[PDB]
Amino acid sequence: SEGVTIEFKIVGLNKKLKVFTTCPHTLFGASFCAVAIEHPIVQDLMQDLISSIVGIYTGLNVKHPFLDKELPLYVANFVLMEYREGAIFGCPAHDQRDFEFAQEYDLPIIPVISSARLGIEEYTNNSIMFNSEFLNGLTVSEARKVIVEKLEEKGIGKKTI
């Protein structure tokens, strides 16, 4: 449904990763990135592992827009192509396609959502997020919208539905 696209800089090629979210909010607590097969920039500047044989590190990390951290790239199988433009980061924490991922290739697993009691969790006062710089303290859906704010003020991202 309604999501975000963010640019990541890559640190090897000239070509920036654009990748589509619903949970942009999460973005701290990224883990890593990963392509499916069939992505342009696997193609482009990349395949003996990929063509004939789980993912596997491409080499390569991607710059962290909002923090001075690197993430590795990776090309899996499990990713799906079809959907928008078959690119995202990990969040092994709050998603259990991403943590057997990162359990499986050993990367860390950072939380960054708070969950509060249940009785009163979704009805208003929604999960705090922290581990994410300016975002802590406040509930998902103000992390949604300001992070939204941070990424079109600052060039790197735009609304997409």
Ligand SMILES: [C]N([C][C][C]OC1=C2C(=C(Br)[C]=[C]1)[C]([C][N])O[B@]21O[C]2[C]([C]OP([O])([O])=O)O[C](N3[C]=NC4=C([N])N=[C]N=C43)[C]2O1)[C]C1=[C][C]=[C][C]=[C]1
Second form
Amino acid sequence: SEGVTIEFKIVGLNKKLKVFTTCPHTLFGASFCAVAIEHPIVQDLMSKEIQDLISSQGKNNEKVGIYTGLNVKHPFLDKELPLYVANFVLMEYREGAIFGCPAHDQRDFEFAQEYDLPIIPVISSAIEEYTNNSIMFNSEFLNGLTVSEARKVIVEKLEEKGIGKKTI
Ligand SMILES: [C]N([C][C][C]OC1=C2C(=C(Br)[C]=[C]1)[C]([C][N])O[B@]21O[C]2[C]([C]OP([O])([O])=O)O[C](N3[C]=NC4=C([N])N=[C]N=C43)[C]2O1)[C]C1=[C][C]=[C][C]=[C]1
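Right, the form solved without the ligand is done; let's see the coordinates for the form deposited with the ligand bound.
Time for the whole complex; same chain goes first.
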């Protein structure tokens, strides 16, 4: 609709992953990264046998994915996030790649529950016509800020480091 594009460093390689989000302020609650089945990164960084795993389609309506074997470095935390090929990510929409926040997104929770991924809460429950007064927590420099202030500060920090930009 109107979001931000974020670059993630792929661990042990000189390659990057661009993801699109409409909730950049929930970045400290990221558990995984997921790309579409038809994403270029599948043909570039993975074996041809990945198509055999993909066709095994079996669990429809259920959020399923395959761990690629690669991790991405979190931009602000000393930690890595696993990278998946997921059935619920659409290639034709934006970058065909997402970051997952299971504590505040139903689709991300269903995926994390299946693959035992961590659940990290970041919003404590209370464009310019209204202000969302829910407060950020577990989010380093975003702590204590309302959701509205946090959306602004995270974008300034991503732009300041050359790893994020506004995307219409
Ligand atoms: C879940 N819904 C959206 C609802 C709003 O998205 C939410 C998003 C977060 C949170 Br926290 C809460 C809601 C965070 C963490 N996941 O990021 B979020 O913002 C993006 C958000 C942007 O979509 P929109 O419609 O709001 O403009 O959808 C996710 N996304 C992006 N590209 C994607 C892609 N190719 N295939 C799938 N999903 C993608 C991203 O998920 C996904 C959805 C289902 C089908 C087509 C397109 C989007």
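In this text, rigid core is short for the largest set of C-alphas that superpose within 1.5 Å between two forms. Positions refer to the first chain, counted from 1.
In the core-superposed comparison between these two forms, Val11 has its Cα shifted by less than 2 Å.
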